[PDB]
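In structure tokens, the next block holds one chain alone, the form deposited in one PDB entry.
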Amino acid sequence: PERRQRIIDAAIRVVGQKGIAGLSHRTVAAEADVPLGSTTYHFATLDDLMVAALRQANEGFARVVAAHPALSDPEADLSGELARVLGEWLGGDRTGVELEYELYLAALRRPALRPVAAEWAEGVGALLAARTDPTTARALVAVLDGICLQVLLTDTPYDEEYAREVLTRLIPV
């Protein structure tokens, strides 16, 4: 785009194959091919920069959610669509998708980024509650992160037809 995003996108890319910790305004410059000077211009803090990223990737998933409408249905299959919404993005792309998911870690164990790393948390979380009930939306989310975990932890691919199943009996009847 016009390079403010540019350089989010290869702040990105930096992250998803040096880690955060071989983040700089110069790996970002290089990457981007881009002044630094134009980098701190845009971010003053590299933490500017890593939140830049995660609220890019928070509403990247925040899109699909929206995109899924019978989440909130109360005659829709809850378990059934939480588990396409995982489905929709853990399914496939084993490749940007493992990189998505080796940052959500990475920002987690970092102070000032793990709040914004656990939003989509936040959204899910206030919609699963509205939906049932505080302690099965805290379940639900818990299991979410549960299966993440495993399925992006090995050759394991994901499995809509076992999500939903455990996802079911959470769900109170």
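If you superpose the two forms and keep the largest set of C-alpha atoms that fall within 1.5 Å, you have the rigid core. Residue numbers count along the first chain shown, from 1. What changes on going to the form deposited in another entry:
In a rigid-core overlay of the protein, residue 17 has its C-alpha displaced by at least 2 Å between these two forms.
Once both forms are overlaid on the rigid core, the distance between the two CA positions of residue 140 between these two forms is under 2 angstroms. Put the two forms on the same core and the Cα of residue 42 is off by 2 Å or more between these two forms.
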The other form holds:
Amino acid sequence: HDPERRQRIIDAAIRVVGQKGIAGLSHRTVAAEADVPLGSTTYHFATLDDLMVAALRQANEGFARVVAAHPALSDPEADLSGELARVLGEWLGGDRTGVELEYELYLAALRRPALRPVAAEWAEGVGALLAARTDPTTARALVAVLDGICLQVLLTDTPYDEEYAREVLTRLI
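Form deposited in another entry, following the form deposited in one PDB entry:
Just this one chain is shown here; partners and other molecules are left out.
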């Protein structure tokens, strides 16, 4: 263990990615942005994948916090659809650097097998909140659809339509 030097490094990885993107993520630049010695970076994350895996892992940590601040998601007395659409609305609107950053790391799992189990983590922990309410097959669905709705906004560059989102989300539950 060496939490802080390690922790500073991860934060700088996230900072480097959001700024220059996955392409601008090397040990020298993380070392620089973290302002720690190059050897400390190669010591804690031998490979770049290790570093990305830890970064994404941390980005996921934040979704949980968001679910924690919005009790309606756990209140089996509230409209899951309308409530989810809303949270997404808030996440999507309000600095895409955080959004793009997290998504870039996540989508990176497509080619880098290392990131797949950490990608799967996100999903298994998100359907968790939906599976705790509805059945498991509807959870697996929601997590999937929900992803496609964000991607549809982030990729096509067409604004987020909360009502549409709530309707399509409703068709699954």
